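Trainee: Make the full structure from the sequences, and use the hints.
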Amino acid sequence: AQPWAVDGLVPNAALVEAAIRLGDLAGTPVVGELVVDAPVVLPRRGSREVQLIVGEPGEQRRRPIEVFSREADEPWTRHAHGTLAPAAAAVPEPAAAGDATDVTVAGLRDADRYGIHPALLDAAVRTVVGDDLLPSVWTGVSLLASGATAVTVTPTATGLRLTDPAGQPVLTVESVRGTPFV
Amino acid sequence: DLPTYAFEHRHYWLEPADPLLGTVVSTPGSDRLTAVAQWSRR
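From first to last, the protein sequence lines stand for chains B and A. Sequential numbering from 915 applies to the first sequence in the entry's author numbering. Counting with the entry's author numbering, you get residues 867 to 883, 890 to 914 for the letters of the second sequence.
Just so you know, the hints here were simulated from the structure itself, not pulled from any lab data. One or more of the hints may lead you astray.
As the list claims (entries may be wrong) - Here are some, though not all, of the chain A residues that point toward chain B, as calculated from beta-carbon distances under 10 Å:
hint, residue
1, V897
2, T899
3, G901
To be verified - Just the calculated beta-carbon pair ranges, DEER-fashion:
hint, chain 1, residue 1, chain 2, residue 2, range
4, A, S902, B, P1079, 44 to 52 Å
5, A, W911, B, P971, 26 to 34 Å
6, A, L868, B, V1096, 41 to 49 Å
7, A, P900, B, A915, 38 to 46 Å
8, B, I967, A, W911, 37 to 45 Å
9, B, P1079, A, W911, 45 to 53 Å
10, A, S912, B, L939, 22 to 30 Å
11, A, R876, B, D1016, 16 to 24 Å
12, B, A1001, A, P900, 23 to 31 Å
What the hints assert, rightly or not - Residues of chain A placed beyond 12 Å of chain B at every Cβ, according to the derived structure:
hint, residue
13, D867
14, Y871
15, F873
16, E874
17, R876
18, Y878
19, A883
20, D890
21, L892
22, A909
23, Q910
All residues carry an ideal CB built from backbone N, CA and C; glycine is no exception.
Mentor: So this is what it looks like as structure tokens:
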């Protein structure tokens, strides 16, 4: 079902995109904060039942969001959690704190089904956070354009700007930070 | 015998796309059970 998931291990970019879609259903295109408890590793044989539960909104309309996965009778282990915040009227794009990177990933099947393909998103976030550190603390994920194929990443101090080659902004991350995952 | 035309190539393809209780779901960590179904005259 997800051939881009390397050896079943799901990059956090795919989870971020899924949270983006869930917020779009809930009218919350912006992720206030996401902390990844554990990555998803799809079994080679069979599948895993993945649930994304968004709790009732509290202050500033922000909705709690959590992810629980279970393989058949598996206990519900939380993979990621956090809160979703409504999109700001004007998002102040953080200044260019990183050199531009034109990230292109081949074979972005169903890239139209997402704002950005999970493989492309993972490559773009590795070009900023770092390959060795899995990005797991994603703050202020604001989505503007959908269906990007080749992205231009302007890294910031902790987040990034994802734009089209034409320069129109597509997405912004306020602070994405990588942690040691083995 | 001269070589033939050189055709530019792009990929194209088109893949194909309980009666009453429907789908039964258990809430994670809860005993509450939800049965979701769609019912029509036919």
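Trainee: Compare the structure with each hint and give your call.
Mentor: Now the hints, each set against the structure:
1. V897: 9 Å, holds
2. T899: Nearest chain B Cβ about 9 Å off; hint holds.
3. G901: 6 Å, holds
4. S902/A with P1079/B: 44 to 52 Å: Between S902/A and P1079/B, where Cβ atoms are some 48 Å apart, the hint holds.
5. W911/A with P971/B: 26 to 34 Å: 32 Å, holds
6. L868/A with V1096/B: 41 to 49 Å: 60 Å, violated
7. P900/A with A915/B: 38 to 46 Å: Given about 21 Å between the Cβ atoms, the range is violated.
8. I967/B with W911/A: 37 to 45 Å: This hint is violated: roughly 27 Å between Cβ atoms.
9. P1079/B with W911/A: 45 to 53 Å: Roughly 50 Å apart at Cβ, these two residues keep to the hinted range, so it holds.
10. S912/A with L939/B: 22 to 30 Å: 25 Å, holds
11. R876/A with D1016/B: 16 to 24 Å: 22 Å, holds
12. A1001/B with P900/A: 23 to 31 Å: 29 Å, holds
13. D867: 37 Å, holds
14. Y871: 27 Å, holds
15. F873: Holds, because the least Cβ-Cβ distance between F873/A and chain B comes to about 22 Å, which exceeds 12 Å.
16. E874: 19 Å, holds
17. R876: Consistent with the label, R876/A stays out of reach of chain B, its closest Cβ about 14 Å off (over 12 Å).
18. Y878: 14 Å, holds
19. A883: With a cut-off of 12 Å, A883/A remains clear of chain B, as the shortest Cβ separation is near 14 Å.
20. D890: 18 Å, holds
21. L892: Holds: least Cβ distance 23 Å, greater than 12 Å.
22. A909: Answer for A909/A: holds, closest chain B Cβ roughly 19 Å.
23. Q910: 19 Å, holds
Hints 6, 7 and 8 from the list above are not met by this structure, while the remaining hints are.
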